[PDB]
Amino acid sequence: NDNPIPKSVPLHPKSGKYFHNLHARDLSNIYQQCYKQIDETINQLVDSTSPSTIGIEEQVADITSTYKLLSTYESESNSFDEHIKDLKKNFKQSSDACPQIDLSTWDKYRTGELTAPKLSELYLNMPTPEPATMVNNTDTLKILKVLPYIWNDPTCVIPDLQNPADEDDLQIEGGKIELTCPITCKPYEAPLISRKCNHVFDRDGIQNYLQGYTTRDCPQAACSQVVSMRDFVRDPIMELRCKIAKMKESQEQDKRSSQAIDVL
Amino acid sequence: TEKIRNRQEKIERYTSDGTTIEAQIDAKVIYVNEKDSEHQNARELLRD
Amino acid sequence: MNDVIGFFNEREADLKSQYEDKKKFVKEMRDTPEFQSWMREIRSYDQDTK
Amino acid sequence: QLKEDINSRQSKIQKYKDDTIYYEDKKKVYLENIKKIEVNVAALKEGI
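Chains as they are written, first to last, in our numbering: chain Z, 1 to 264; chain G, 1 to 48; chain V, 1 to 50; chain F, 1 to 48.
Here chain Z stands alone, though its shape is the one from the complex:
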């Protein structure tokens, strides 16, 4: 009507060139660089704070909030790109469905009696991104959450699935997790744990037990299962505990020696 400017027209092959050219610009490299940066910052912070200094809980909470915000950003960016591709597919299908303007179909579209899909309206009507079907649980997040307790004491039992207060009401009765293996009187240089056994092993003597037998029972108690080589994975918690224990024992030995010399 009036000025012959139709609201929308069917897609053209020349316009199809640009439609295929249009894409959402990526953040995969940016996101992975950010993730690696925050992970290495957490790793540095693990031993960065002075052993006598206490109160890393607020910094841990702040870093947890930062990581959660980053993960939410990544999830909604994935939502962005999937929405973009779905919108492109819907628009191309609608354009293919609609006819082509040759003689007066353009006039009909201009008069408004005929309508064609418009990417602007579709992008205005696309649903807002939703952080659904996404879980903010990573190994870095887990170690970040559990590191304050390890800092407080090397032996801790954080899970509260059985009871929110502790493992059993107020008393854990969980014993201690020893850095030095009775089998191998040495710190765990290769901490390997099973998703089923949930026990950390040095693997130096475990390979000797697992050679010649396809599956062998877990030597530790409180469980009964057989595992192979490929069920073992690296557990950062174990060497985190080892490092904090060594650092604390070094600082306490230095303090006691210095005070004893000050006595003389």
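Do not take every clue at face value.
What the hints assert, rightly or not - Derived pair list, reagent style EDC-like, types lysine to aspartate or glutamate, alpha-carbon separation capped at 16 Å:
(1) Z/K7 - Z/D107
(2) F/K3 - G/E22
(3) Z/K17 - F/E4
(4) Z/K85 - Z/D26
(5) F/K28 - G/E2
(6) Z/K92 - F/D18
(7) Z/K36 - Z/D139
(8) Z/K7 - Z/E121
(9) Z/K7 - Z/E113
(10) F/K12 - G/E12
(11) Z/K17 - F/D19
(12) F/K12 - G/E9
Don't read these hints as lab results, they were simulated from the structure.
For this one, chain Z is given, so just place chains G, V and F on it according to the hints.
Coordinates of chains G, V and F only, in the frame set by chain Z:
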């Protein structure tokens, strides 16, 4: 008919080029991954 | 729109050609050999008036 | 950039396939017109 013939010949040539460039971009993916590993080695050497 | 304006240009060129053909038909409709045969039938009738 | 370019080229290949499909449909319509002209010519020849 000859327009369709040359169009489908171009389509077949483009599909062959797409397969070859898929192989080439897989080669480039391995190339960039190994270059990234070489950088990880180089950066750790610089660090130490 | 570039496609549709080219199409309308060729359509109006065809319309111009058809209009030229109609003008040629109008021109040949007059000054016919039968039109030449006329104006002397009038003379023949004028030789013998009323 | 090569991955983006080859994805664009693959979409160009699929749109060429669609264009060839429409061209084949036009050719089929033309063949139907040719068959109608042929049967008309056959009837005219019969009268001849």
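The hints, checked one at a time:
1. Z/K7 - Z/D107: With a Cα-Cα distance of about 11 Å, the restraint between Z/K7 and Z/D107 holds, given a limit of 16 Å.
2. F/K3 - G/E22: The given pair, whose Cα atoms are some 9 Å apart, holds under the 16 Å limit.
3. Z/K17 - F/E4: holds, 13 Å
4. Z/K85 - Z/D26: holds, 13 Å
5. F/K28 - G/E2: Satisfied, since the Cα-Cα distance of roughly 14 Å is no more than 16 Å.
6. Z/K92 - F/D18: Roughly 12 Å separates the two Cα atoms, so the pair holds.
7. Z/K36 - Z/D139: holds, 13 Å
8. Z/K7 - Z/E121: holds, 11 Å
9. Z/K7 - Z/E113: The hint holds at about 11 Å.
10. F/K12 - G/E12: Holds: F/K12 and G/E12 sit about 12 Å apart, inside 16 Å.
11. Z/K17 - F/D19: Holds, because 13 Å separates the two Cα atoms, which is no more than 16 Å.
12. F/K12 - G/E9: Roughly 14 Å separates the two Cα atoms, so the pair holds.
The structure fails none of the hints (numbered hints given earlier).
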